[PDB]
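Asks: In case you want the letters, here they are:
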Amino acid sequence: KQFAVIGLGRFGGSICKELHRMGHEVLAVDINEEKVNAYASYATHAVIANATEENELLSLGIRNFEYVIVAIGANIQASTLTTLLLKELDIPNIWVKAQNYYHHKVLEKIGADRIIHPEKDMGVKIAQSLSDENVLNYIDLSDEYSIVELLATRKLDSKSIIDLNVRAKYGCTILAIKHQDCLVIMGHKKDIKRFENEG
Amino acid sequence: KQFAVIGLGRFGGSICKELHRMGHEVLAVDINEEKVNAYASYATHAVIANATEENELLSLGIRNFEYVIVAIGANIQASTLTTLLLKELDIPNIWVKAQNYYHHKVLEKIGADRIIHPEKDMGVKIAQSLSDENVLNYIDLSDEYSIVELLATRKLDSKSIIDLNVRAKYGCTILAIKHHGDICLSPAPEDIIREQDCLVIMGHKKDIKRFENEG
Amino acid sequence: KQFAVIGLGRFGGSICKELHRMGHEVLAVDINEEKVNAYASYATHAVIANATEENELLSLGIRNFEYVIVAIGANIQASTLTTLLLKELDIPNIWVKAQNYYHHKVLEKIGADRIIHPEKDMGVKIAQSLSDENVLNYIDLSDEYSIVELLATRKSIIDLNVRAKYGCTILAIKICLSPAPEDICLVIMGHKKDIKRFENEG
Amino acid sequence: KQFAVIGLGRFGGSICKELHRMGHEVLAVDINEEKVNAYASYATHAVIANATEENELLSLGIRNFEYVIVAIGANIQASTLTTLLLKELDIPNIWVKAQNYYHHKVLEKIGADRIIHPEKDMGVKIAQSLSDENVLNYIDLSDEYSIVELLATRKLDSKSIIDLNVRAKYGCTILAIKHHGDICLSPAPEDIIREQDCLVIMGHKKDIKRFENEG
Amino acid sequence: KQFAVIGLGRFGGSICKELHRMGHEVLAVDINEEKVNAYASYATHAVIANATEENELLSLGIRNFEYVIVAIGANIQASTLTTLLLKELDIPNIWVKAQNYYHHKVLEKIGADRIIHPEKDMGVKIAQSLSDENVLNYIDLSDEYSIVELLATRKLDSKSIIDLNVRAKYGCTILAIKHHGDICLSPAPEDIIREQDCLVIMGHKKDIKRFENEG
Ligand SMILES: Nc1ncnc2c1ncn2[C@@H]1O[C@H](COP(=O)(O)OP(=O)(O)OP(=O)(O)O)[C@@H](O)[C@H]1O
Ligand SMILES: Nc1ncnc2c1ncn2[C@@H]1O[C@H](COP(=O)(O)OP(=O)(O)OP(=O)(O)O)[C@@H](O)[C@H]1O
Ligand SMILES: Nc1ncnc2c1ncn2[C@@H]1O[C@H](COP(=O)(O)OP(=O)(O)OP(=O)(O)O)[C@@H](O)[C@H]1O
Ligand SMILES: Nc1ncnc2c1ncn2[C@@H]1O[C@H](COP(=O)(O)OP(=O)(O)OP(=O)(O)O)[C@@H](O)[C@H]1O
Ligand SMILES: Nc1ncnc2c1ncn2[C@@H]1O[C@H](COP(=O)(O)OP(=O)(O)OP(=O)(O)O)[C@@H](O)[C@H]1O
Ligand code: NA
Ligand code: NA
Ligand code: NA
Numbered sequence: 007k008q009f010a011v012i013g014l015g016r017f018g019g020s021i022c023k024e025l026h027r028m029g030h031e032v033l034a035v036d037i038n039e040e041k042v043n044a045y046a047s048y049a050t051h052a053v054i055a056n057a058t059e060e061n062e063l064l065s066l067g068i069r070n071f072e073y074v075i076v077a078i079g080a081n082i083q084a085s086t087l088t089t090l091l092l093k094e095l096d097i098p099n100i101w102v103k104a105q106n107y108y109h110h111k112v113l114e115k116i117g118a119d120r121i122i123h124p125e126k127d128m129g130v131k132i133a134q135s136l137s138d139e140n141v142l143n144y145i146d147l148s149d150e151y152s153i154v155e156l157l158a159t160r161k162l163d164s165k166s167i168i169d170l171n172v173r174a175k176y177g178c179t180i181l182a183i184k185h202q203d204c205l206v207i208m209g210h211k212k213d214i215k216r217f218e219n220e221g
Numbered sequence: 007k008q009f010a011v012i013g014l015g016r017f018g019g020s021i022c023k024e025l026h027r028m029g030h031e032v033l034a035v036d037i038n039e040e041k042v043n044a045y046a047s048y049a050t051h052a053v054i055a056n057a058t059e060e061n062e063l064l065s066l067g068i069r070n071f072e073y074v075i076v077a078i079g080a081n082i083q084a085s086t087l088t089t090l091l092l093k094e095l096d097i098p099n100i101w102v103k104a105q106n107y108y109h110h111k112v113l114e115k116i117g118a119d120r121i122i123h124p125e126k127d128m129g130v131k132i133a134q135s136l137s138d139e140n141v142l143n144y145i146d147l148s149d150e151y152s153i154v155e156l157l158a159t160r161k162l163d164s165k166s167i168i169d170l171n172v173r174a175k176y177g178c179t180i181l182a183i184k185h186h187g188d189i190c191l192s193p194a195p196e197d198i199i200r201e202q203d204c205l206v207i208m209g210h211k212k213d214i215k216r217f218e219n220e221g
Numbered sequence: 007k008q009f010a011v012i013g014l015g016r017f018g019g020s021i022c023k024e025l026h027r028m029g030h031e032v033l034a035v036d037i038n039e040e041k042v043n044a045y046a047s048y049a050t051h052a053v054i055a056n057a058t059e060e061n062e063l064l065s066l067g068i069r070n071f072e073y074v075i076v077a078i079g080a081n082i083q084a085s086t087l088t089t090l091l092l093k094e095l096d097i098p099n100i101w102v103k104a105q106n107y108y109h110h111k112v113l114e115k116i117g118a119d120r121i122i123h124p125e126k127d128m129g130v131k132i133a134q135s136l137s138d139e140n141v142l143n144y145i146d147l148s149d150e151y152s153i154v155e156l157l158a159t160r165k166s167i168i169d170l171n172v173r174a175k176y177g178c179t180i181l182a183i184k189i190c191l192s193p194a195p196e197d198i204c205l206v207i208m209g210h211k212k213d214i215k216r217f218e219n220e221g
Numbered sequence: 007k008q009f010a011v012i013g014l015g016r017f018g019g020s021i022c023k024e025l026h027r028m029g030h031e032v033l034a035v036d037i038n039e040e041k042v043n044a045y046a047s048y049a050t051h052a053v054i055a056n057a058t059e060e061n062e063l064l065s066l067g068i069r070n071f072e073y074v075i076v077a078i079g080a081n082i083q084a085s086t087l088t089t090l091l092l093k094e095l096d097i098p099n100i101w102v103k104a105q106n107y108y109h110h111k112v113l114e115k116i117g118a119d120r121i122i123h124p125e126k127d128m129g130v131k132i133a134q135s136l137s138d139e140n141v142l143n144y145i146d147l148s149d150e151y152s153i154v155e156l157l158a159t160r161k162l163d164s165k166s167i168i169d170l171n172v173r174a175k176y177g178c179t180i181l182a183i184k185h186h187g188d189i190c191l192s193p194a195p196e197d198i199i200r201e202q203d204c205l206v207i208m209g210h211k212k213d214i215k216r217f218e219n220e221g
Numbered sequence: 007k008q009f010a011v012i013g014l015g016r017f018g019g020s021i022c023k024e025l026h027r028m029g030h031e032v033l034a035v036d037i038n039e040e041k042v043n044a045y046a047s048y049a050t051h052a053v054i055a056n057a058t059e060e061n062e063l064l065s066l067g068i069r070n071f072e073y074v075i076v077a078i079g080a081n082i083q084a085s086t087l088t089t090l091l092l093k094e095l096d097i098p099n100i101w102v103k104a105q106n107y108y109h110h111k112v113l114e115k116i117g118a119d120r121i122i123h124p125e126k127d128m129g130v131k132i133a134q135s136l137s138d139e140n141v142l143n144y145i146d147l148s149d150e151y152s153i154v155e156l157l158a159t160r161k162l163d164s165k166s167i168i169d170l171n172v173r174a175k176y177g178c179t180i181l182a183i184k185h186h187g188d189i190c191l192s193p194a195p196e197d198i199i200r201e202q203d204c205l206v207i208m209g210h211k212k213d214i215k216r217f218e219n220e221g
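Protein chains in written order, with the deposited numbering: chain E, 7 to 185, 202 to 221; chain F, 7 to 221; chain D, 7 to 160, 165 to 184, 189 to 198, 204 to 221; chain G, 7 to 221; chain H, 7 to 221.
Only chain E is shown next, with the shape it has when bound in the complex:
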């Protein structure tokens, strides 16, 4: 697979370094000369180009890339003009980083295959950890069930699994323990909060 990442910011620069670490052909495009020089070593091909121009986009052979990631999320004009061109060039998969709710609505009309909010998805994830310090990481299977990696408190010390009645009393299934030790649990959103309060 060949990937193109347009815009080497904090978000796009992470995708170039990660996909290059896994051993993939990454094209790194950025309008900034100093950004491309820094990520020149972290990409298979790095070009100092403006992606809002169709002539520059055809010069890169952008039609040969199955996945194009437009990591521009502070310039709505540059981001929407780029993903309109890539939809014109018949790119199978265009993934765009959005800025606000209105930028999400423009890109949904002009044909973005997946629209990503990196700071909004992390900020909600961080604020869940701020509100309840017991949690460390979670994944939402649905809107009401989650796999919350809880942190064992002082009252859970020296307590066996059979002593815990999470299976029946709370209806929560413990998955793993990482030796205060990390306690991975699964259950309803309201049911897990009962186990956090009562230990």
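If you are wondering where the hints come from, they were derived from the structure by calculation, not from laboratory data. Please note that the accuracy of each hint is not assured.
Said to hold, decoys possible - 20 angstroms max Cα-Cα, derived EDC-like pairs, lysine to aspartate or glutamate:
1. G:7 - H:139
2. G:184 - H:146
3. F:161 - F:138
4. D:111 - E:94
5. E:215 - E:139
6. H:41 - F:60
7. D:211 - D:127
8. F:7 - E:218
9. H:7 - G:220
10. E:212 - E:150
11. E:7 - F:139
12. H:23 - G:138
13. H:7 - G:138
Keeping the supplied structure of chain E fixed, place chains F, D, G and H with the ligands upon it in accordance with the hints.
Replies: Below, chains F, D, G and H with the ligands without anything else, positioned relative to chain E:
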């Protein structure tokens, strides 16, 4: 639990909106008047202040907040000077949003309780989804064992759980399966996996990768 | 009929002044303070607002306007964001001034009812006048047939065999409408190729 | 001894010229092309570089220098990220020119071996000369003891050393007398004090104030 | 004694904070609104005025000040036009902070009473500390004689004053010893010197250098 969020960007503004939804007293501090007027309705109180000033920081009653989040990740001077003042004010928890690796090193020195890379962590998470399109959302329990929410392929249709030897060969456990928008926790042998449905699995990282090829 | 004109430039300010002359209520919105003060006298209601904000758009009572004209044609971000709000606010008629081909393609996606190129339409109209210095002003009824207002050069109507030889009809003589044989700006209606032959031979 | 001076301002450019005058190997680093061309004659080697970037720091050959002076004192971000790289490069002695009190607090955290306030230390010395027109130059041995180079008034003219009972009444010992451009180290009783000759007098900080007032 | 400080920089702001600490009436004039608000508490009278204007300078009542310090050292146009006005208004004492050699020459022509180089005089003083790590502070009595506040080494540990033939061989006099936060004036034979204590010495400039190499 009273939270102060300094800098209402895409990251700071999301924490103010999320914590206000959960019903928490959030103080929204920003130096830009237009940003403050946007988050007046999404915060308990929104004020205009330059957090690099100690006199302006004490005019907010910032010593009364258990958590302060400095969500400035494009100005290193503004971000590092702010957490220095909060470190002096004996704030128990200071969480800072970092910009690069060398910005993370400054905050570690001057006493940031937690340092957050929002785009770097999401960019790494996205890049796993580009590389392996089977996955939908993964959470790393450790460096070798992870929970991967997989998407069922075309050959997984009309297949039973006992047919898939995940417990025996791959050494992985299917923790949940969802079909048609309804999620079933801890499926029992045997259940029908459909053409396009999410398949949550748990196991070693290299063991799931072998299973995705043969799924 | 209540009209809203968003963006007081050369194009938007001309729509405000013409509609205020005709006796219509016009709301003039612009982000520039100097523009609004100049067109405060030429608009029924004038405000200094950013039209890309949904809160500022609702303060104007923009839902009461049947026609909104987004005459922003150099800021693509301001033009595309504004028409998405007005589409969200259910304006029956949104007319947008575009900049280039790609700006036109964006506004077609997000639901612009009519997209206007003022400089491109005039530039095509002007460039037809430079190549053929006899013409003055023309409109295209169709691709093949057009009404061309020629300039009279160095004869009776019957002498000008446009009806038989060229297959064209003389429409006016400049003031005297509906000419008839015979009579010694010349308006001629006919096929586009036929008028060019008439100009070369006459 | 090898020295590197990062930032050729009024303060950094003075260290380059004084160390080169003494015959030391000075590397002059700056980001401005005009500054580097100006100090080509006053430094062993002058390089155009941006010190906040670590790749440009290792090209200079910065690990070969025992002393590095970061004489940037108007950009807090550029100064603190430079001394972070040098501290990470195991540079033994890093001397940093600071700007304000909060900049001093950051450099203390991230490992600056010595933090310098050139204008603040000179402003304090000047304000002692404005407040007291008798003094010319002083050195604080401690917070209560000092050596003050006084200036002779009219009442000290034609006065011998033994006539002045400074040793008993004030408890201050006269160290030297700058006689008409010629010094006199440890003057012996008695030497005639002229109209205007410097009187290097050592004593308590409060006691010399009495000597200035009582003449 | 009323002092006017024109330009509240790092150097001008240090004179305001020190003259007010000593109990003097200070007029703090600056063209920047942010600077005046910060120093409004540390100055008797703080004004946001431009000093290059003759009308604004007479609104301050600047003729009532014996000392005016023009602490603008990065703006030659503002510094030379200010002191041209103050000399035109017959200020008895005008002290100007200069930038380079050419600014020093202009201010001499247009009648500056004392011209100050804060960063240049510190850079020369700092470069002496980099060259010789034994010195901590020194005061130049002349171009050939100096008082150096040395630092004790391992070879100077447990050595009495009479053991050091500084009076006979080196021709230098030991003035005081800073014994770990305690300072003793005019030591008598004999006093023991610890491992690391400041040793204030006086002598010829070349004779002190021979002492450090030979002891
Ligand atoms: N037209 C363009 N074509 C290509 N790259 C561009 C273009 N416009 C901007 N960029 C580059 O894209 C990069 C990321 O965009 P930008 O800084 O606007 O986004 P952002 O919202 O700040 O994202 P991040 O949080 O990842 O930094 C920048 O380095 C910028 O120079
Ligand atoms: N000194 C300051 N005090 C308070 N708020 C500030 C200060 N400096 C910047 N801000 C605000 O912080 C917010 C976010 O800062 P900035 O835009 O520099 O960071 P970012 O990392 O690019 O943003 P984001 O969180 O959107 O990714 C902005 O609204 C900005 O106005
Ligand atoms: N967000 C906005 N909301 C309202 N008015 C705006 C906005 N952005 C720009 N304007 C105003 O719209 C007017 C026209 O926009 P602009 O000058 O960018 O377009 P243009 O193509 O040059 O227009 P014209 O050819 O009519 O002069 C200007 O007066 C500008 O100040
Ligand atoms: N990142 C950098 N790397 C190297 N040199 C730099 C860098 N940033 C600034 N400089 C240079 O450092 C020199 C001094 O810095 P600056 O002028 O900001 O400090 P300052 O406190 O005003 O100094 P001074 O008052 O002694 O002149 C300038 O010549 C400037 O060009
Ligand atoms: N014409 C003026 N009148 C009054 N104040 C002025 C004028 N011009 C500049 N200043 C102020 O004087 C102060 C010092 O000026 P400047 O920054 O040019 O000098 P500097 O040599 O860099 O100062 P320092 O090294 O002491 O920080 C600043 O606060 C500046 O705003
Ligand atoms: Na961002
Ligand atoms: Na135009
Ligand atoms: Na300075």
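Asks: Taking only the CA atoms, is the gap from residue 7 of chain G to residue 139 of chain H under or equal to 20 angstroms?
Replies: holds (11 angstroms)
Asks: So if I understand the rule, the pair passes when the alpha-carbon distance is 20 angstroms or less; does residue 111 of chain D with residue 94 of chain E pass?
Replies: The given pair, whose Cα atoms are some 10 angstroms apart, holds under the 20 angstroms limit.
Asks: Verify the proposed pairing of residue 161 of chain F with residue 138 of chain F, using a straight-line Cα cut of 20 angstroms.
Replies: holds (17 angstroms)
Asks: Within 20 angstroms, alpha carbon to alpha carbon, are residue 212 of chain E and residue 150 of chain E?
Replies: It holds: about 8 angstroms lies between the C-alpha atoms, which stays within 20 angstroms.
Asks: Quick one, are residue 7 of chain E and residue 139 of chain F close enough, alpha carbons at most 20 angstroms?
Replies: holds (11 angstroms)
Asks: Hint check: residue 7 of chain F vs residue 218 of chain E, CA-CA at most 20 angstroms. Holds or violated?
Replies: holds (16 angstroms)
Asks: Do the alpha carbons of residue 23 of chain H and residue 138 of chain G lie within 20 angstroms of each other, as the hint requires?
Replies: holds (16 angstroms)
Asks: Is the hinted pair residue 7 of chain H and residue 138 of chain G satisfied, with a Cα-Cα distance of at most 20 angstroms?
Replies: holds (10 angstroms)
Asks: Is the hinted pair residue 184 of chain G and residue 146 of chain H satisfied, with a Cα-Cα distance of at most 20 angstroms?
Replies: Holds, because 12 angstroms separates the two Cα atoms, which is no more than 20 angstroms.
Asks: Check whether the Cα positions of residue 7 of chain H and residue 220 of chain G lie no farther apart than 20 angstroms.
Replies: holds (19 angstroms)
Asks: Take the C-alpha atoms of residue 215 of chain E and residue 139 of chain E, compute the straight-line distance between them, and say whether it is at most 20 angstroms.
Replies: Cα-Cα ~12 angstroms, so holds.
Asks: Taking only the CA atoms, is the gap from residue 211 of chain D to residue 127 of chain D under or equal to 20 angstroms?
Replies: holds (19 angstroms)
Violated hints for the displayed structure: none, as all numbered hints are satisfied.
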